[PDB]
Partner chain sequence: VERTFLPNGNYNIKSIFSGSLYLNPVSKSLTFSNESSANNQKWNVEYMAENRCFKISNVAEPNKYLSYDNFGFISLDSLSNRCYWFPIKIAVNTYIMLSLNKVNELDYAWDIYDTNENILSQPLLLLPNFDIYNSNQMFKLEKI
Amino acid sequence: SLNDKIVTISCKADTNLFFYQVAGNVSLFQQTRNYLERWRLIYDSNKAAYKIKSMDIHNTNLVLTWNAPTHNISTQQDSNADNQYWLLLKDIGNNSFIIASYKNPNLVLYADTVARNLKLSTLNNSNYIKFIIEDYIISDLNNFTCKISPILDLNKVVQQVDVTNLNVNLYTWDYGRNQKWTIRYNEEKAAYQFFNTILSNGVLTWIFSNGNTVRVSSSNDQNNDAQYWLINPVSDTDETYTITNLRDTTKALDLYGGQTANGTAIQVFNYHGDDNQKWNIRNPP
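Coordinates for the sequence given above, by itself, in the form deposited with the partner chain bound:
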């Protein structure tokens, strides 16, 4: 289930620190939202263990390696060796992972947060050996405050009109709080909510009782799947996504007619994957 999954790995002892790779050196670094902190989990069924492979673009064959017998962890060339395999033990009820060496299961990864690197330790109850393994998309987007542009024009953004006008349309980027959205991943529903920053509990919502209309509404309406979305990456792109509603996953966030003029409606429409249904979720500059 984790095989071939690209993930980020962060520390339970410090959730702001992520496994970071450069030129064979593994360290703990703040969130970069890029390939430097992305890892592919490669499952070997015979071993019941995983290789943890760097998604580095320059060096494409680096895996998390225990420099046995030393206390040091690095990324070395994949030679499918025992010191390059790891047991991924999920601590149930705690939603964290213990990462034990296949070469010596007595030894598990230990997060040295003050030295900002990794080492090894026998098992204990400290958070320093517990890690948060998360799908990289979720890792990047969760609690990310963003602006959302259609690819048809990256100079415009999806916005709530104002604090009282809850309609959602396309408009030129003016750095307004009504033009920014804080994305939150709902673990239970396995979906996302877009919180407009001009409000406190206002989320992007498909008004299904009014056809294809989408507007912002309160998030204290608890059980409405129209308030939740699925964000799926477009291949070959770093920031482009398709956004589909949880009530009906065939309903995708759609730029009305593909029109780019100011005040153009933002709606949902039957998914076909056209350019007016692709969006760039970006850092507000």
The other form holds:
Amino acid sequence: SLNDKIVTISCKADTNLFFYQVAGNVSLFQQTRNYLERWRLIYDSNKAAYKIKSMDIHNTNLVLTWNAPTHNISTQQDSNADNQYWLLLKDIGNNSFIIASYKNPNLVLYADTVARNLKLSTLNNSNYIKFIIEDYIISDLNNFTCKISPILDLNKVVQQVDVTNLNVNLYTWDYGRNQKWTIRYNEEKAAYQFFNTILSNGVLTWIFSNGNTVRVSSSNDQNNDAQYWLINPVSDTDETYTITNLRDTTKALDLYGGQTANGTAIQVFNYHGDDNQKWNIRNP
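Alt. form solved without the partner chain, vs. the form deposited with the partner chain bound above:
One chain, no partners, no other molecules: that is all that follows.
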């Protein structure tokens, strides 16, 4: 559920524009992958409504606020006022939310992507009243091209061996397409895939018919859970994660034996959060 979740909020009408907070101003801005675009949702079960709290640091507890009687939006000090509560109405099937004012539910948030701001409007069938509300990790990682390193050796990366050898092992970073992965979140599966960039449609897979083996395999389908993964941030790190398999979430991506020699296998294994199951996901 959404209570106490830290999310980004982006525009269905422009998925590269995010709710951005600075100095009491709420605006629409390109992706920053930082606190300026992160919001905590705070549920009141009696109101059946949420406050949308900025993770701003400069100071204070600022929440998304309707500046009635204008149709403008800002961030103001939380006083639990009705103009700081919002109905989050999930448009089921459309991966989107309509965000209605608790004070005046006739009015909903509307993205003015020319002025790069939000206003309140009545409803219509356009995408300008629809918003993607996601865990910030999903948002930060979706469509991100990365290299993946074990924390035990940040100079080596998880790689496909070569264009037609779909085995996956550890090797020194060498700038190759086989050493880069594009992360894609699947809404329907609630999990991610890692597409190797040397191939068009090859994804990191647990080959469970062969023990703990991990290989790249074609993504022809959304039905094989073993081609999907959960990406779990490790607390009190910048960019370190565990990677568990959707077919069995007690199985984690695992650097065999904690060994860091070139050619060490990448496998899955019983997930206990050891250092050989922690991965740095970052820019190439």
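Rigid core here is just the name for the largest C-alpha set that superposes within 1.5 Å across the two forms. Residue numbers count along the first chain shown, from 1.
Fitting the two forms on the rigid core leaves the C-alpha of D44 displaced by under 2 angstroms between the two forms. In the core-superposed comparison between the two forms, the C-alpha atom of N94 has shifted by at least 2 angstroms.
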